[PDB]
Structure formats: structure tokens, C-alpha cells
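Enquirer: Please take these sequences and the hints and turn them into a complete structure.
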Amino acid sequence: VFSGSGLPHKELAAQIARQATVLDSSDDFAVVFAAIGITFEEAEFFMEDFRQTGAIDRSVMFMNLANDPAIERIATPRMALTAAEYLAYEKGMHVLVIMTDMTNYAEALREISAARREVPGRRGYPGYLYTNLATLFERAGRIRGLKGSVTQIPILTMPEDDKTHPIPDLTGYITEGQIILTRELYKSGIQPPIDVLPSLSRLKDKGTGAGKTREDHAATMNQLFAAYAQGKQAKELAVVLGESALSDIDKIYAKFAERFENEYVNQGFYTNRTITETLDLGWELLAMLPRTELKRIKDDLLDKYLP
Amino acid sequence: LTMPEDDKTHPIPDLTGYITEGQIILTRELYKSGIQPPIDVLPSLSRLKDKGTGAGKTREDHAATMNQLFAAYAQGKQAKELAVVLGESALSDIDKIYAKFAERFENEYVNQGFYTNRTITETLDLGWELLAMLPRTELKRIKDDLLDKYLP
Amino acid sequence: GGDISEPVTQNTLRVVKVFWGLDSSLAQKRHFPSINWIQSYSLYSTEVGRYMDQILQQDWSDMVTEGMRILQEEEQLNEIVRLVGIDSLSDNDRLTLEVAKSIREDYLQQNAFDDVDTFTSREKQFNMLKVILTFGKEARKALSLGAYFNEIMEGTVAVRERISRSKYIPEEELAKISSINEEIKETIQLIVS
Amino acid sequence: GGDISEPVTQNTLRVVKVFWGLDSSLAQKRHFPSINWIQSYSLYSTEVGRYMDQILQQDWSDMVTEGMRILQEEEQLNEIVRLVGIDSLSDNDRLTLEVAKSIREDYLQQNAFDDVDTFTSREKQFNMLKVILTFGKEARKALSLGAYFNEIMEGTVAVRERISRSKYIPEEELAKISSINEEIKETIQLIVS
Amino acid sequence: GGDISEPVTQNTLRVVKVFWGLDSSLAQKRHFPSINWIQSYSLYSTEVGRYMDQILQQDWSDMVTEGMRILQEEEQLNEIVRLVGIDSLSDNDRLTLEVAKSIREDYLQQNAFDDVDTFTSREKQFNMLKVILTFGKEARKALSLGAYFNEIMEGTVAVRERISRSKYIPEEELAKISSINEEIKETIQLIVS
Amino acid sequence: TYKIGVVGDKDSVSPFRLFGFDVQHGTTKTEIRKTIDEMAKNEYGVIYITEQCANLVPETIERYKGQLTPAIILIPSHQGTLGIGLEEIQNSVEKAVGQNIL
Amino acid sequence: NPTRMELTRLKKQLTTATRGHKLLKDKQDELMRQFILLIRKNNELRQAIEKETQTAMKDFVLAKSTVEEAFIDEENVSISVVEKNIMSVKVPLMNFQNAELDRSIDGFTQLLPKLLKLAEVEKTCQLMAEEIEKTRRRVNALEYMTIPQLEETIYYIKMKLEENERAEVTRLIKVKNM
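Chains as they are written, first to last, in the authors' numbering: chain E, 149 to 455; chain D, 304 to 455; chain C, 394 to 586; chain A, 394 to 586; chain B, 394 to 586; chain H, 2 to 103; chain G, 6 to 79, 86 to 108, 126 to 206.
Do not take every clue at face value.
[What the hints assert, rightly or not] Restraint ranges, calculated between C-beta atoms of paired labels, are given here:
1. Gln403/B / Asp396/C: 20 to 30 Å
2. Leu436/C / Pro314/D: 21 to 31 Å
3. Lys494/C / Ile342/D: 26 to 36 Å
4. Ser418/C / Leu351/E: 48 to 58 Å
[Claimed, not checked] Among chain B residues calculated to face chain G with C-beta under 10 Å, some are:
5. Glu472
6. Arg475
7. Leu476
8. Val477
9. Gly478
10. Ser481
To be clear, the hints were calculated from the coordinates, so they are not data collected in a lab. Ideal Cβ positions, reconstructed from N, Cα and C, are used throughout, including at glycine.
Expert: Structure follows, in C-alpha cells:
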């Protein structure tokens, strides 16, 4: 999750931590939560919420505070992933590892690096930052012949909201997708403030479709994303050349994108939507679009799900 | 001190401003225009000026006219810039005065000469002659207890 | 890379009194000598000014200061025009730019390989600068009498050429420069008709 | 820098929850204490809000949230004013302007050298914020009940000034502040007529 | 950060003759392959151009040059559209945007996960590009005949669209692609009347 | 004090010469071509033209629109306007305001 | 170019461009609001004169109908244009300086004063519209092209500068070790 300072990525973290689940599995799922260089109050937020919702009963928490030694900070995700792989590959569990803040991790590494008189790389960070991050993120995955898996969600704040900064940039070269939070959506009260346009998941196809989710997962996704793009670009046209520069068909995409944000993306940090609920809501938003423009979705799916 | 490359962020002017109580700043822009001494009052600061002013040290209108002159000079430069970006026509009749003010503020008030010694009386009464350009309306940062007494 | 921030230039400027800053932009504009008149300085200007005033029995210091003031005002005008355009400039500021253009092209720029332009005497410098400022001042007064900027330029095509080719006037015929002052005043007031 | 993008400020804001941005601009408008209410924040606001509602038996968190909203809208409305003019805007928005004005002057502004104003207790704070907001939408339904914005103002000249001086009312005679609330409703009721 | 000024990229571009610059903005806009056609280059283009012209016995290098010219002209026009709006563009320049759009959307874009689109033979490549370019030429000569952009555009919805799926036309059934050339020409004709 | 020119039907715009309006004619774009250039280059102040003739050559009204003089003004015929004159006004609004103010 | 001297220079251009963007945008705003009024005036001024002129021409046709018309085969009018200002724009000011047959020719004189007013108002509306678009262009040219250029040309320089400071200090540490 690529966030920024003041952005509710801790709320989103806790929300994922307690809502995350595998369907058709009982007591084989676990969350390993790693907190890196965060304040006392921010740690108490996580710890209390965990045991308040009972999420502690399926979780293992490695909590590292901001006033802790920098070496203990860089050691924390390694402690977490070790316990994570143990539960996964030696006990057969589906483990979800959530780590934050990775920006704090990198800074700790930068502090140690300077302490060892090491040569400063790009923007002051170690030349080995990529590799060091890789030894962490690559600990995720699955092994042939083994029940269980390690799934990682590293959480970081992009300094100056700069995606080209070493920490998000090198993370992006390593991880497969990215979930991006923007201040535009956060200032609009969208919870969570996820911008789906710059966000991506590279492997999504391996976790969607009939038998995993409903059969309309792929089509509606392409459909919603393509439509929300037009709506967003209809809105950015209405602000530049006025509302009279918009055709009638672009009336609709504009209103679509607004409903998409306030109803679909904005769900609240305490609303657990099942995938079937999600997909169902997806069709409802497509319903406000003329059927003749839904060219990503074939007729077989339109005739079955479109209301 | 001489700021290298005329850069205020340079270590020498940067660290000195930390220790000293304010700073007087000379700009090339004023120098090139014949303003001497080329003191730019806007980035200039005296952090202890409030201690050496007022009745019994200077006249009671010191701290008052200082604030007003500082304000009007900033509004004057903004006005002068307006007449270039938008043009002559966009200027209000109050804007043209503020422009004319800053022009006189530079060439008569700041530009005194390196061998002209002004008593603070002459300086303060000069600053009032310049405020006389502005309508009494504009001088809102001074009391009119003070204004009716010294305004030309 | 022309980066004067470097120690050699920096240490040098601490002990020298005259700084002739050369500029790539001028050099690539064939503005020679490529001296940056906004960055350049001379700590001798005041004293030389007194000397010149005495030798010429003219208010020379005023002219140099005015010359530099105009060149500075052009710099302060350009930095706005660069990003808002030419459109909203009042007649007074365009006159300023035209005078500053004359100072640049007719006075500052000087061909070293020319036979006449390679050297300019002290008295030829005074006349050339007098002529340029005279045009500005006399066209300034015209503007104050209801005359338009473009009317002035339209009617001063001939007399402004004499100013442009003033640098190529031989050292024995300097009268062909002093006379320009009369034509400038003569032509300008005829435009007010 | 004078601007807070500095490392020590950024590292500070990393481990602290409260930021009071002192504004040199506000102090020039004689707005004391010169704390910029747009750039300032407190991550304790919500938790303190619960504590307040619990110990005051009041909807204090709602009033603060509303109070801030008025101040937020004022910044967007002031923008629309200098661009179009005060005469050309909605009565509702100009009511918001006068309520924001009230929160700024009658509540936010505070003299440290006045015997009564230098401290405002938790109880007094509630009462002072109440009457300011109470004026707000009492006035608003007048508007929604077919009354005109202007008229409300001369009707409330007496009570607005009584709100303006809530800060100067001693702790013991506190009810003198809450009794303004009833005066407001009755006044507006008579203005609706 | 995508900054190709870095040593490895610059050291590689010193010795290799082909630069496929991948773009992030194209990736977000679902434009695959996300190869920046403006920045990317191939120093084999001239030699391959001759190899193509000889093996195909057609003016292929002329086709590639024109298509690429249209694309760069598009980037120049988009600057202007960003400043003055698309409405101001002449019907010839508006046509250029549509021809380029077709080049981007119907030719440059290619889905690696489509059983037909994942690979495109050399002759199929030729037939596709010829069709797209043919539309531009037939339209541009129609404009000179007094035809408007809006009528030509709105009266070619069927056939421009046919070009859009030509990428999904099986390698065996190539005729279905080259047959569009005649359809375009005759569809344009009925618009000219 | 410079001249006024007229373009439109002779059943329409003929009585304008009773004032001393230079009143000339055309049908296709190519005769309105020159009538307007004839009058524009002759330093005329206003040019009235019927929308039936001006429809032929939208080329023209727009070239000369940003200029002070002449003032090309769309007038009607016996049966009236196509509507060009009102949407030229209407289109001006939607791009300078971004909203219709009518 | 990544010098310290150009950073400080560009930094001030950013402020100048920012303020210039402001002013041009408030100007564009005020231009259209003035345009708002004038274009509404132009609109119903045209709608009126369009009906009056057309009706005048139709009555003439009836008069022309009975004539062959060899009969209608059968004053030095002209306007003085003085240049006004509406805000920034130059604006023209223009003023003029058988029985049922002449009922229709008395039927073409009424149009003249309202026709000239239309020419004056409509042209004004056109000239204002052009000034808006010229201003719009510069607002856009500054907001989309000029300012973002400055904004991370600055950002690039500041990071190049800090890149080299950190490079030089790492050099000097090695030189002290040797």
C-alpha cells in the first residue's frame, strides 16, 4: 500500500488484518502483523483494536517502537517473516503478513548505513536498498507440494507523495502490484481513499473467476475500470472547458465516477464486504450505464447479471 | 558579511542570522537602480527594534508609521507588478497611488546618499510626507489619535 | 560550465574591484563583448564618474546611472514578459524596452574585428550615449503629450538608424552624432501633429 | 526556511499529534493568539471530543466540528468575495460569513492581558461556542422562513454585541452567557414578524 | 524513478542501436506494449526500411515514415489542444488526430494475451498499416474537395470501426483486411457527393 | 466616416441603396468570396449579409471576426434565418463561460 | 545547469508565474462576467431585429409582386467609428453621420438605428470573446506548461545539489583516510 503522511493507512491496515479471510477454510488462516518504528500511541491503536475485534486470536504481532534501536527496527520484519514462514510451510497455514511502516524500515537502514561509514546511494539511501528490500518481499509465495502460503502487504508512506522516491520506487520493482492512497480521495472522505487508476495487482487473474469468485469478476473489473477512466476524464474536462464542452454521453460517465467513489470505493473502515456483495454492487453501478456501451462484457454475462 | 552568489541560504549568512538579532540586507537590484544605500527593507529585520522606540527615545509614531510604510511599500510593489501583468487599465486609482508611493519610497526615503546624515526627526517627518500620498482611509494600521497629529 | 559559484571566481571576486561577467546567452546571440551588465560591477564607478564629469564638463554620472537604471528596469520587465507575454505592456514600458534595446544593440555590442568599432574614444562614447538617452527622454515627453508609442516609432525610423550606425562614425566626424540630438527633438515634436 | 518542510519539523510531526501553526500574517491583523486555524491540527480532537461529551453531558464534539466547518467554508467564500464582490452573493453564504466572523472575533481572538479573557474555562468555552452557533441557524430559519438577511442584522445589533462580549463575563456570573441563547430566538422571532 | 539519465541506461545507449523506452503513463492508460513511440528509436530503421521495400516490393519505408510523422504531428497538436481546445483546430489537423488515434489504438496497441493479436505476421502488419494510412489519404484529399471533417467522420463509423478489429483478423483470412481499402475509398466517395 | 455594404437577395436587400448602402450579390461561396474582401479591404465599417449567402462561406465571417472593422452582421431574407446568427452568439457563450447563461 | 545560482533564480520565477497565473485568471473571470451582460444584450437585440428586418422584407415582396418589376429598377450614409475601451479591449462606437411601395421603404428606415446598434454590440461581443481566449491561452500556457516546468526543474536541481554535497563529503572522508 503506497500511502502518505496523514493518510489513513493504519485504519486500512487494521481493517485488512481483521477482515482478511480465506473462503471454505476453518482455522487455517493467520495474520502476522509487523509494526516498524511507529509511535507508542500508534502501536496501542493496533494492539487494542486487534484484541477488541478478537483479531488477536488468529494473529501474531511483532511490535517495534520508534524509540527502539535502529537495528531492532531492521530486524523486525525478519522476525515476522520467520514466524510467518514457520506457520505457513511447517504448519500448513495461509499467512497474511502486514508490515508498516516500510518507510521507517528504510530510514532505520539508512541510519545504520551511515553509522558504518558506508557509501550513500541515491537520495541518501544505501546502494543495497533494492536487494535488502528484496530479501524481505521475496519471502512471500508458495512452494510446490506444500499446504500453506506467505502473502505480504508491505505498507509505506511516499515522502512528498513522490512515487519516484527510492522507497516506493524500489518497492514497486520488487512487489507485484501497488495499492495507492491519494489525498484527493481522503479529502473527499472516501474510506479507504484508494485510487484504482494508478493502483494495480499483477496476479489478480490467479485469484479470480468461477470457483474462486463469481464468473463475472474479470469482465466487470475491466468494465468498471474503463468506465471510471472516462468519467474521471469527463470531470477533468468539465473543470477546464466548462460543463458545456461535455456531450450527453459524457453526462453519465461523470455521474458514474462520482457514485463509484462515494458508494463503491468508499465503504468505511469497518464495513466488511464479501466478494459476492462487492460484485453485486459492481453491476448496480454498471446499470446506470447504457448497455450498448458495455463492450468489455459479453452478452452472456449481461443477460444474466445486469439489472 | 558578503553572501556568496547573493544566496541567503549559504552557511555564512544562514548561521549568522541564527545568532544575531535580525539583519540588514543590500540587494543588487536596488544598487543597479541607483538606490544608495541599497537597503531592501522587506527581507530586512531588527528583532530588538521594539525596545529602542517610542516616546522618550523617539517619537510616539515610530512603531506605528514603520508598520504602515512597510505595508504600503509591499502594496506598492504588488501594484507596480499588476500594471505589467494586466496593464495600465487594471489599476485602481488607489493602486496607482501605491505604485507612485513605492517609487518615491525608493528614490527619496531609502535613497539618501552615503554622506547624508538624517536625524530621526527628519526621517519620521519624511515618512509622514510619503504617507500623505495615500488617502487617510488607507492608513488603518495607525491610531487616529496619532494620525490627526502628524499627518501632512 | 560557466558556474561562477566555483572557488576560483569566488576567491577572485573577494580581492578584485571589477567584475566583467561573461554570459553564454549573450555569446550565443553574438552580443559581444558578452558581458552580463546585470551581474557585472565596478567598485570604481563612483570615482571614475567624478573624473568623467570634470573632464567632459557634462553630467556623465547621471547618464551612466540612468543607462544602468534603464537596463535594470528592462531586466525587471523581461522577467514578467517571459511568462505573461508582450500584450499588456503600457506605452511607457515599451519605450523603456526600446531604449534599453538601443543601449544593448547600439552601444553595448561592439565588434572587435571592425576597423572603426574596435575602439571608441571617450568623447565618442559620451555622444553615442547622449543620443540614445536623448531619444528616450524626448520620446518620453511626447508620450506625456497624448502621442502614441507606435506613432513615435513609425516617425523615428530614419533618426533611429543614425543612432544604430553611430558606432561606425569615424573619430574625426563626431559632429555627425551631436547633430542627431537636434533631429531627435525636431522629428519627435513633428509627430505631435 | 520559515516554512515547515524542514527535516526537524517533519521528524517532529512524525512522533507528535498536535501542531499549532503561529502565523505572522494573523498577528498583523491584530488577531491574537495568531494561530492559523486552517494549517493547525490535533489528532487528539476526536478522543478529547468523547471526553468532553462525557464530562459536559453535551454534544461538544458536534459543535466543534460544525465550528470548524464554518471556518472552512469562510476560506472558500472569501475567495468568491474578492473575485466577484460582497453584494453579489447568497444570503446563506453571507450569514456564514458573519458567523465565521463571530467565531474569529468573539471566540478565537483572546487577550492575554485582560483579567477575564486571559482564561476561559471548559464550561465557559461551551457556553460561548453555543451562543455563536445558536445565532447561526436561528438566523438561518428566518432566512428559510421568508425573512431577509439584512433585516436580521439590525434586529440583532443588541444581542450580537452581547455575544461579542461573552469573553468578558466573569466565571461566577456564567449564566449571563447562556441567557443570550433565549434572547436570540425571541429577537429573531420578532424580526420574522 | 524511470529517469534514463542514470549511468546504466546511458552507458547502454552508447553502444546499442535500439531503444525501446517503456512508459508508465501508457501502462496506466492500458496502452500495451507501453512503448513510447515519440522517445523510442531504432537506428536500424533505414536499413530495415530497404530490406522491407525489397522483400515486400512495396513502399513500406514510406509508409512507416508517414505513420510516424502523423504520430509526432499528433504530439505537437495535443500541446495546442491543451492550450486552446480541440475546437480551434482546422479540419485538416483534426483529421490528423483521428488518423494518429487509429495508429495508436488500432496498430500500436497489441494484447499479448489474445490468440490472434499476440502475433502479427509481416504481411498482415503491412495490410493493417496500409488500411489505416489509406483512410487518412482518402479523407485528406476529400477535405480539399470541400468536404467537412464532421461529415466524413460521422459517415465512416462503420468502416473506421472495421479497421479497429482488423488486428483480430486471422492470418489465413488476410483478404478481409486489404478489402477495406476499396470500402474506405467508396464510402468516402458517397460522402463527397 | 466609412461605408456600409450589403449582401443578400435583391428581393430582400435592394431598398438599402436608397440610403447609399453598397448592395451587392452572390449565390455560391465564391461570389460572397470577393464581395466581402472587396468591402473589407476598402476599409468599410459594417457589412450586413443574409444568412443564406453567409452560410455559403463561413470561411469568411470567422477570418474577419477578431478585427475591429468591418462588422460582419448576419441578417435574414424574406423567409428568414437559418439560425446561424443566434448560435454564433450561442456558441460564443458555451466556450467563454462553460455554461449557458440564457 | 544544476547550479545553486539558477535554483534561487527559478524559485523566484515560480512565485512570479504563480502570481501572474492568479491575476490573469481573475482577469479572465472578470472579462466573462462583463461578457455575460453584453452577450445577453446582443442576444435579444438580434432576436428582435431579425423579426423586424424579415417582416420588412416580406412586405416589400408584396409591394414588389404587383410591379413587373421595371418600376423598382426605378443619401451618402456612413458611420463614424471611434474607439472605446471596455476594460482591456478596444471597442467600436458607431453612429450614423407606389403607395404601399414607400410604405415598405419607410419600412426599411426603422431598421437602420437598431441595425447599427446590433453591429456595434455584436462586434463588441466578438472582440471581448477574443480577449478571453487570448487570456485563457496564457492562463493555460502558464498553469499547464510553464509552472510545472519550473516546479520540478527546481525539484531536480535541489536533489542534484544534495546529490553532489553527499558525493563530495564521501570523497573527502576517503582522502582523509589515505
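Enquirer: Now tell me if each hint is right for this structure.
Expert: Now for the hints, and whether the structure bears them out:
no.: 1; hint: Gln403/B / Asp396/C: 20 to 30 Å; in the structure: holds (22 Å)
no.: 2; hint: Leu436/C / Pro314/D: 21 to 31 Å; in the structure: holds (25 Å)
no.: 3; hint: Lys494/C / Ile342/D: 26 to 36 Å; in the structure: holds (31 Å)
no.: 4; hint: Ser418/C / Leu351/E: 48 to 58 Å; in the structure: holds (54 Å)
no.: 5; hint: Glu472; in the structure: holds (8 Å)
no.: 6; hint: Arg475; in the structure: holds (6 Å)
no.: 7; hint: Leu476; in the structure: holds (5 Å)
no.: 8; hint: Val477; in the structure: holds (6 Å)
no.: 9; hint: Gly478; in the structure: holds (9 Å)
no.: 10; hint: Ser481; in the structure: holds (8 Å)
When each numbered hint is compared with the structure, no violation occurs for any of them.
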